[PDB]
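Heads up, the chain below is alone and in the form deposited in one PDB entry; it's given as structure tokens.
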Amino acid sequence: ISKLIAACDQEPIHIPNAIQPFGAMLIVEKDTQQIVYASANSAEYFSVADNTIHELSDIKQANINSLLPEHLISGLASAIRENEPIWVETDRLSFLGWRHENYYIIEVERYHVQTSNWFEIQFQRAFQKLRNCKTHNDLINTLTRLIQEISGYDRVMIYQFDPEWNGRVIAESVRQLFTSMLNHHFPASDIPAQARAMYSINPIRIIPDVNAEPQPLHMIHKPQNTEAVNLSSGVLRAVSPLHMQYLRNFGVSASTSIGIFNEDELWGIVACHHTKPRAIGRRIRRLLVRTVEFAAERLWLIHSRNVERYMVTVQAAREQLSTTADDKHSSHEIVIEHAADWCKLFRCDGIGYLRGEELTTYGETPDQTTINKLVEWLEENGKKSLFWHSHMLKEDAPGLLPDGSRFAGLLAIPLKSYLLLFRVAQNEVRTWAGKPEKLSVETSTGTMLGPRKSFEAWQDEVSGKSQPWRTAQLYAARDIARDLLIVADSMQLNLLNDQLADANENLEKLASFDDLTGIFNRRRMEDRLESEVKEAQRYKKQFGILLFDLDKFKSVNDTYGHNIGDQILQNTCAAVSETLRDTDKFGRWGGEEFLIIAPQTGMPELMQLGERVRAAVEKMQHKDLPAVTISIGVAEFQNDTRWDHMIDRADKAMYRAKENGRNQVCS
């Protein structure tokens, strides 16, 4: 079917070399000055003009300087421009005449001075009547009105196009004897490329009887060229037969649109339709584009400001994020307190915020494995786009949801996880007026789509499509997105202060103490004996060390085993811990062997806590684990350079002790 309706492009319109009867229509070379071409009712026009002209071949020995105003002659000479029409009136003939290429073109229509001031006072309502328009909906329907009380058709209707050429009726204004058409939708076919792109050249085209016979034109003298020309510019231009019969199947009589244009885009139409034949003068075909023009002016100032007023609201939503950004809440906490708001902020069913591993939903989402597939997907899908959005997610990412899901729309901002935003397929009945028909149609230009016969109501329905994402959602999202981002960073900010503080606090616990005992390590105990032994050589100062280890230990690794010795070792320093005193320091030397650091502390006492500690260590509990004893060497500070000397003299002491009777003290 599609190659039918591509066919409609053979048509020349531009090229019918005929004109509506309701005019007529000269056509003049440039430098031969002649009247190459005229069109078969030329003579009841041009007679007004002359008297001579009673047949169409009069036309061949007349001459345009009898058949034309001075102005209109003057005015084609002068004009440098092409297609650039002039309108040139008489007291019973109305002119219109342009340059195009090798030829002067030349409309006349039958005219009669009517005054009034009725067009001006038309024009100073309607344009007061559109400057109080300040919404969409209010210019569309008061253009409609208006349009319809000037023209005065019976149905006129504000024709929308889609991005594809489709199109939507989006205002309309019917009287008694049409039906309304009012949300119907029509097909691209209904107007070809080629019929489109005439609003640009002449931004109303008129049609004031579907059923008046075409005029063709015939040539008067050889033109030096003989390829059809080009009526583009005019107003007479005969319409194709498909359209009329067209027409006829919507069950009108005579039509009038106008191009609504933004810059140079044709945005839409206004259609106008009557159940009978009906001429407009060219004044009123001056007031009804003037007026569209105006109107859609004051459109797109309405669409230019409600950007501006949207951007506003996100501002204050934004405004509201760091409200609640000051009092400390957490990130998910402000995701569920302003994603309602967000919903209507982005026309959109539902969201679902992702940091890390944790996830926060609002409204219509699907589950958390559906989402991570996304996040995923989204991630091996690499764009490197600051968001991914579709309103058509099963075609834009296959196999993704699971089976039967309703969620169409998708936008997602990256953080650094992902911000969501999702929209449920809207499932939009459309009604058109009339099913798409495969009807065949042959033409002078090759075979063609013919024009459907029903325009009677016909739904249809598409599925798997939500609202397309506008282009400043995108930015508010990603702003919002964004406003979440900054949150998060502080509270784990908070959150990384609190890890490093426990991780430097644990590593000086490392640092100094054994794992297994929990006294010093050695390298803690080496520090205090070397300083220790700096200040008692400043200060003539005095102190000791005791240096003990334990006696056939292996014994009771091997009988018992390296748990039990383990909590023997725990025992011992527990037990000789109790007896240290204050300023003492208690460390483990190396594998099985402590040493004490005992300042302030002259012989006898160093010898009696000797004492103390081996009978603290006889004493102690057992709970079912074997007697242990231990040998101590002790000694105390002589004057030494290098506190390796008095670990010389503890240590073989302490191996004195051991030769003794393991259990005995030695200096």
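Numbering follows the first chain given and starts at 1. What changes on going to the form deposited in another entry:
- For the candidates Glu149, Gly450, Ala503, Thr572, the hinge between rigid parts between these two forms coincides with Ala503.
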The other form holds:
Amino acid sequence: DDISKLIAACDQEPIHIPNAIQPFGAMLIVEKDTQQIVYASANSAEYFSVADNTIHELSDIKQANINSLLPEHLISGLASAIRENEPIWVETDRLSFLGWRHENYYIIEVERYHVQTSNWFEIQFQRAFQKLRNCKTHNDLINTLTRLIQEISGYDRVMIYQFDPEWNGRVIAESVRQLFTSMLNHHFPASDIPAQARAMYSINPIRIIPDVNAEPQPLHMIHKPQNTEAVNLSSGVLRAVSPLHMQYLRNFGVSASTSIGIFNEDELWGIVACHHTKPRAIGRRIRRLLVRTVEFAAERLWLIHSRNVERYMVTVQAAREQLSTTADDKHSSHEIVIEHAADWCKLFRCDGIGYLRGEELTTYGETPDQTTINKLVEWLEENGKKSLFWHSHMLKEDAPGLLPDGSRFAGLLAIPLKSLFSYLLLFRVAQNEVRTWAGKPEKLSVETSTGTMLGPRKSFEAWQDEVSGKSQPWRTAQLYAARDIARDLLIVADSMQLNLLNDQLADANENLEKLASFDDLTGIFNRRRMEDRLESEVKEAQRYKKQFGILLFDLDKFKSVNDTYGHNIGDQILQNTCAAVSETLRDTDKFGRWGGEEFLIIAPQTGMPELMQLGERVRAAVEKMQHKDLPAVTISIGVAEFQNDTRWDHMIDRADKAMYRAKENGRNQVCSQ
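Okay, that was the form deposited in one PDB entry. Show me the form deposited in another entry next.
Next comes a single chain, given without company.
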């Protein structure tokens, strides 16, 4: 942690106010209201001697006038400018001026310039934009960017350096001409670019160090300013470089550098870092070119990214359509999970899936055991996180004591499904990412004008470390896809159980209907359904002039059967006779049990002679029916016909008298009266 303190001290050095400049130009600082020159870079006289003859040494600038040192166009522009830190570029024959207003000051930088004329720059823009426009993948864009930046700048090494969410970074593309060792995929620490340093790219996108060993030129006071606090030099390019970073570059083996921040809207997403093994200046026009190219390649990379999102979203919809088309074929949600979880593992970039529904747990791929999965589920409920999803890429740290000791899982995405509980679980094995860093960790202290700080490390040689217990983090697009899949499963599960419950409710109500309208011993209609049916048959026949008749029969000398044989045997006979009678009947007829041992048949659409015929078929059916162990059995049948009757008892009385006459005339008979 002493190194944590050392790194934190890096932020102490006020790099925006070094009171010195790099020597590839000069600088004046003027008061706006006073109109006086208050500061001048120590090499000012070798530049402004072009504007004014008398200026041979620095001390001279005290008696010079600004309106003698600057082109009138730059004075007019500065007098006119209201916005601050918006630099104005005005050039002459031999000097190129860059000036801006900052609070009450006019800061003016001057470089040596000579007019070259060509169409080179416009051709480079056309070629760069054509190539960037043709990039359709992440890797293509960044590599074309590295090629263009290298061809334009001539720097011996160019590399795209992407930041992590913790500010550590990695070289993701690289173009090297000379004998540099390749730094592709090497990781660099946050302390390499302090927050103040990263914040500069937001004020000026390009930083230029044309010579790491160029002695910086301090600013000298010339007329006493009203404020005296060091003037902010951040908007320009001449601002002196921290000696810590110069020694860093020396240790890195770099003589000149140029870096351009890569912005995603207002966020610093990375930098284009360019190195040279010898000093190397870049003119204003090449600076503007590199910056415009990187700004263009940037928005192209954001457009490629946002498009890959839309296209993922399409892929998710295609997967959900795949789910519903297979869903309509009577499968359970567990069956659907088994078929598509391999696709889902690709869709969600996870190593395993587990689905919970009731007592059943379905797993595909790498998963914890059932018991640990329930410890997970329980902890999700007991933690009380009502979040639509719960997710972590370092389970061991975000939820300690949750997993077994040696378990390899680090990522969990859990979607709750309402009730009892249900869940969708997405698992990611920890990826034991071996990281290659550019240099050992070096805890070295360095004494500085601000205090004691971390010094730049001396070795940049490859050093590997390993990260365990972590997975890839769960991207937002995957959270929403997983949520959508989970609910598409809930709809399959809901439809399944709705159908099953409808089956159970129909079966239960059907048993309620069976016990209400049938006879326990025989299974034929009980008397209440016969009585009701007969009453409506009478009403119908009287209203609409239909024809029907009834058969009322009884078992003969049946009590002798019960007493000689038994009640178990007697009931087997009643069941037998009902089975034999039902085979004779037509589907229109209704057959039920009227009393003990007495049965009723309602024969609709039947005239009297055909009725007698049916009574004969019934009487003969019970006669010949196979007795097997039990005794032979006989029925005596009475018959009645609809003769404009008022009430159904009148029919039952007629049929009963006929049936009783059948009993007196020899029991095995059909009788009507």
